[PDB]
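Go by the hints and put chain S with the ligands onto chain A.
Protein chains: 2
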Amino acid sequence: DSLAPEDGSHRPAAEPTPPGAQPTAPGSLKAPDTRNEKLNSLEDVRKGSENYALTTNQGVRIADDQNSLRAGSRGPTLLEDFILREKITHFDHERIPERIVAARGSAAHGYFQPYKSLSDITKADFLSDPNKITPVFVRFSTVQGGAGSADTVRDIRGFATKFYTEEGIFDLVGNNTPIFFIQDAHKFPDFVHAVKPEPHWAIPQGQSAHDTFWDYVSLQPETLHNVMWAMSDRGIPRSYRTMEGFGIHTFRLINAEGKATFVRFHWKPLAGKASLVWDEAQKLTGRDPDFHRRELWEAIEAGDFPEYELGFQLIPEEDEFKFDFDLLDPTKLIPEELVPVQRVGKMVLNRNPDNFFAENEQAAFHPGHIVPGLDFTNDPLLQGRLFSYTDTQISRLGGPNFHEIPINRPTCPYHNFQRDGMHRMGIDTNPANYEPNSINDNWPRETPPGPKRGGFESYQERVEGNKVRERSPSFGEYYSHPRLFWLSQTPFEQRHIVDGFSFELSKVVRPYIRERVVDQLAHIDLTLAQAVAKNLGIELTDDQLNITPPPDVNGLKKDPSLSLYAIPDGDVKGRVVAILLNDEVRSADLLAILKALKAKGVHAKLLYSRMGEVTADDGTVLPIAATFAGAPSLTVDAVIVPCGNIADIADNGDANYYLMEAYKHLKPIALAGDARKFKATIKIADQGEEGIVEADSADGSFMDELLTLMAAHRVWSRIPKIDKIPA
Amino acid sequence: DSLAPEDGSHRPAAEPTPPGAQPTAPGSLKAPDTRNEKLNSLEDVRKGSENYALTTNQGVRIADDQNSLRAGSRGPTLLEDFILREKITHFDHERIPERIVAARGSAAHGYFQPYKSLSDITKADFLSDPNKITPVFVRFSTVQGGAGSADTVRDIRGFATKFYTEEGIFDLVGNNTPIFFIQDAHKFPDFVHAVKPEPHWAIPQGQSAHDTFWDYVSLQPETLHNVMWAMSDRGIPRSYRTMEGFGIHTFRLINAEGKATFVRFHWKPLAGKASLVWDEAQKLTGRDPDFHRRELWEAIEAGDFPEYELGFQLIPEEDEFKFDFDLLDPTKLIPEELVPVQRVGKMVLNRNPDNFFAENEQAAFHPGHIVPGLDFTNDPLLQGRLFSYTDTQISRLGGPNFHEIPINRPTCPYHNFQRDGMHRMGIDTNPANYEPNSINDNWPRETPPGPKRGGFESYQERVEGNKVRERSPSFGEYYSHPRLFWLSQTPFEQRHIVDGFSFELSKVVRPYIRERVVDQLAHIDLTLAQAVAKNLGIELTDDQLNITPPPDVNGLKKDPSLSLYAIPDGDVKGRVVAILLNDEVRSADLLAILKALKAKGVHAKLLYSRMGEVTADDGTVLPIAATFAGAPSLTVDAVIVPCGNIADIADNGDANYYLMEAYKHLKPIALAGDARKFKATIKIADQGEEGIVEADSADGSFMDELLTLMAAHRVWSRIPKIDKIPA
Ligand code: HEM
Ligand code: HEM
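Protein chains in written order, with full-length UniProt numbering: chain A, 27 to 753; chain S, 27 to 753.
One chain only, chain A, in its complex shape:
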């Protein structure tokens, strides 16, 4: 019965469309023409559906999938209904354990390619040739919340890339900030328990704003650097496309001659850096908890492919000890003012998965998954990570054969003597399951290390020391990097940092914890410490006021690359504007608005007080994307109000509040013709005001001012005006 509409409107066109234009869909149906080697290799397990009979898992066609088998139509269900039991059994067993950390994440397929050969510094096959493409799978995530938690929380973001190389899988498992909270992997469970929901009541979700987190931070000053990053606007990215990525640890690059080069991995977002503001972000976890997931999926459906530039910070082996911080300390960043990021390659994400569970939920990444040409270092955090991902994957994915789960399979060859385990897919025909063997003539065989296609051989680092459970004395400095980060932020980024600490500490119930954290802030910067202290009604002591600031990092008093906004990096493609309609829209304004939006690749969402349609003044029928309350200003980058019958929406509560929220969250607002009467709602300016575009009509000039503002992301100069606005 229940079938598709005759018009065929149930199914999304298989071409790039803007967000909201068509129902989203599985990647292979949205873009059948988008391929890569990994994408094709999943064809063995893709399952269609159209034109096939509904069956059991054993392939028996089902006649009636609406009812259980019973004795009489009002009778008891019979034990012999095998169809019902298989159906209910599969359903009952759908869930698998979520990841211990990063349970909440959104993923996509894509490809990578180096800009030039890196064979002088590394023998890594995937970095050897500019025209050799490496398929990737990337998962972006939060850290604390569960898989059903919200996206736009304040938290670190994970940025894990699986490279399916010709010489093995390489997982670059990083975050959106260049350092981690702790130094040694042994304290991982401690740190994660402290930030996770408190054990008695399992509160709070997706938030570090609770006593245990701040307790731990107050007693472990090594966390202060990543805490600064987390409290800044870096903790609430606008999108996964507009954040940086970092491997955090110093790893090693090994060339064909055996030379080791220390390296730190970087991802540069080609859509630029951009973050939300706290109020927006918090409210957005309620209005659309799947905001980042959605925005990623829709950007890929629209052709706005998330693009990132892989970059390398390279440090000669001889310079290991030349900085004032240890290179192997993951709570320390390497300032770009000291070691520049060399551009390495471009990664493009151009296809969503088909089934989230099968591909995203079951994906397994591992920082230990390196290939010849890469090696580890003694970073003590990194070191414990090598152990942990392997271990957790055995229960999360039910056994040792998780590399056989389609998304995780290498696309290159893999042969060894490992056998059995739960859900073994591969059926080995090798007479031998051990080596050395003579019965299969010793195949598969070991391969000597070499310049290309050689077996893995660890870089022979010299190890000298006693067996000790001891932190390096060189790791015992906790305040200079926090201070370097603080001084590198613009004045409005600094204010946001203060507000993040003030908000969070206000949620800490035990007041002494707040004081200890303030005391820690006093060792970083007195201005910062005093601003937070004032917000918490706390008075710094005389001693606290005489704490000497930490030294500069190798002479640096600031590093502009640590700021999200000091250096303009503004790209509007992929952004989205709310267009607040009325029932007699000036079609001339609209045509002009969409033409300029379209030239810059900026999307629009047409909003009204109801759904359905409204007819413009020239008889153009405009489908409504959502209502003013249905898609709040939180979900867009700027708001445009075209002329027309403004009286239709002039007294609309939601339409007015729409602008007040957008204004409070520093977003550009453009008002044409009679739409300018809305300036009274945002009680501000009479002539004009920077951030508010106004004109008699929406013209070329009007749109260029708007797009220029959008390229600056937010109207920071309006900050002083917002705290009187009641919104």
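The hints are simulated quantities; they were obtained by calculation from the structure and are not laboratory data.
One thing to keep in mind: the hints can contain errors.
Where chains are identical, the list cannot tell them apart; a pair therefore holds if satisfied intra-copy or between any two copies.
[Said to hold, decoys possible] Calculated pairs, DSS-like style, for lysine-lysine (alpha carbon to alpha carbon, straight line, at most 25 Å):
1) 703 - 631
2) 747 - 703
3) 294 - 584
4) 750 - 703
5) 750 - 705
6) 709 - 747
7) 478 - 372
8) 709 - 750
Below, chain S with the ligands without anything else, positioned relative to chain A:
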């Protein structure tokens, strides 16, 4: 080390304290004197910590829990660090699969007691004597969202009670609405797949506002009754304390004489019925996703024990076919006007768990867990459920010995010949593991049924009919219950239902699904259909406008027990009031205010523009609980603004928005003396308006008036006034 603050303020007082007064804590430390047989029976697995050495799981004391074992303090981590590896290993394996449905839940311990012996209608031991106390463990839950999703979503709520009786565990696994969406358990996976996040991208979380849900609903009219309940304010309860609970299915009570009586189970909230309004609820999922979990826990820490009255709808076996609907159809409710609820007992929830994971996460409820004196019916939804819980628990909880997980264990004896299985705790000494046996003289032995303490025997219901996969023709009526529900709601409740449907259908991207739902509503009631159509820009056709309404339900054109608010049942105890402070509060208003709230068990939270303290006019130091932005109006039931230096907060955007938000969400507002300056913020006339308490001071009848408003929960008459208002 010795890190606690000398002063002992890290530890909350072990006595009832209002929400926010102390840090929350494990139940057994917070209320050590609150005991019951089940709580005392868990003492064997409770583990302390104070004054013990930190050890591995094998009991080896740990000297250094800050570092991994390495070769040299900057060297590589060694594989021989077994302390590191056990710690990380346990951490890596912390998670277990969340519940397939109802993953998000909040639980508490309590006790149950019958008002009188029910021996005449059931031989169930827990209902046989008013002095027989039964320990309970209750879990409240949402349905769709993961364990990390938000609490105040729009959804059905679960209300599961584990009764640890003397003759076996009895679990009553119900919901907060008296019917379910579907008729037969075979379609559970279909319905759940439809409401859960869509399979390509896993969006949206905790929400039925998406295409697949409404698609299913539009093709399966049986779902319409429960959809109406969910679309009403029933789907967004104020708290688990203020919602009704229901078993849904018709079960049987069996007395000692063998007589079977049909029964539907009810839970009446002794704190009354109360729900949020959609905008508040959605926003509250962002501002505090743990709001319900928190409120439950803090209610219990405060001594406001959630109390419910067990009630039975009883129907003689001869009246099975006397209604217009089938009693075995779970999409049909039994109108209380036809079959009153007889009061059976009281359940008081008076202690929080110690560890959420161990007690809450691992709790396994099952509607098939019945005891002698109860029995099932042929309800086809119930029939399938009996299979599902048993099955799901074997993977969720790792094996068939989940009844040995402390929280799930019976408090009464349990002996059988079942053996082994993962995680087997009981060591059986029985020489026999089979029966009949002579080697243990057949023990343990079967027990014949009898009036008390006898074996379970099913009621000998006559079964007659062919083995068919068929829906009973008596279940094929879908619109009359939906209509009865609709007509029983107040006008403001009806608008909320219209708004819930409109909002949700606005998020369905495929317009034809919206139209199809509208067509279904037009089969329920024309006013409902037209109002929703209008909000979606849909016009009903002339055929739709003449669909004849479904018949009344057995002569009833309304039943006021179906409304949340038609019949007052307001209880203010445990509610909370926001108090907006200034820097010179009139201390006399404050004494008056705080004492009056305290007298009715109404909590308060003193809010300001910063944390720390404020000093009243007489030198009284007032501790600030949170900022205006920190504990928004969403979290409180009412707002009071005392006299003082109002100019301190008059131009504070957050302070003004605080009142706009509370005013918008129909909450009582009380303004003392110069706090009447805020009247212009929320547009109140000089004369005043119903719902706003105002006077020169908080003396005389100011608090009694405010409290009368709080007893009626929300100011429904203000609805038309909120239409406009930019908030
Ligand atoms: C530099 C510091 C770290 C970074 C950048 C980092 C990054 C990440 C990311 C991005 C994920 C999610 C991958 C996905 O999307 O599936 C993840 C998961 C995980 N992390 Fe790490 N992490 C760090 C430290 C650690 C440490 C110290 C440990 C334990 C010693 C650890 C144990 C885990 C585990 C067990 C998982 C779950 C993996 C799975 O279930 O497949 N992480 N981490
Ligand atoms: C009257 C209809 C139903 C009601 C009132 C109901 C209620 C509930 C509640 C309250 C829970 C969670 C208990 C907890 O808090 O642990 C739950 C879980 C569950 N429900 Fe039901 N449900 C209904 C229908 C069904 C049906 C028809 C099925 C399948 C045939 C089903 C399968 C499950 C499963 C598998 C779980 C998870 C339990 C676990 O992992 O322990 N439910 N349901």
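Structure-based check of all given hints:
1. In this assembly of identical chains, the alpha carbons of residue 703 and residue 631 lie at most 25 Å apart only when taken from the same copy (22 Å versus 39 Å across copies).
2. When the C-alpha separation of residue 747 and residue 703 is checked against a cutoff of 25 Å, the pair qualifies both within a copy, at 19 Å, and between copies, at 22 Å.
3. Proximity of residue 294 and residue 584 under a CA criterion of 25 Å is satisfied intra-copy only: 20 Å inside one chain copy versus 63 Å between copies.
4. Both within a single protomer and between protomers do residue 750 and residue 703 lie at most 25 Å apart by alpha-carbon distance, with minima of 20 Å and 16 Å respectively.
5. Taking the closest pair of Cα atoms, residue 750 and residue 705 come within 25 Å of each other both inside a single copy (15 Å) and across two copies (17 Å).
6. Proximity of residue 709 to residue 747 under the C-alpha cut-off of 25 Å is found in both arrangements, the shortest distances being 9 Å within a copy and 22 Å between copies.
7. Taking the shortest alpha-carbon separations for residue 478 and residue 372, only the intra-copy value of 23 Å comes in at or below 25 Å, while the best inter-copy value is 76 Å.
8. Taking identical chains as interchangeable, the C-alpha atoms of residue 709 and residue 750 lie at most 25 Å apart whether they share a chain (9 Å) or sit on different chains (17 Å).
The structure is consistent with each of the numbered hints, conforming to all of them.
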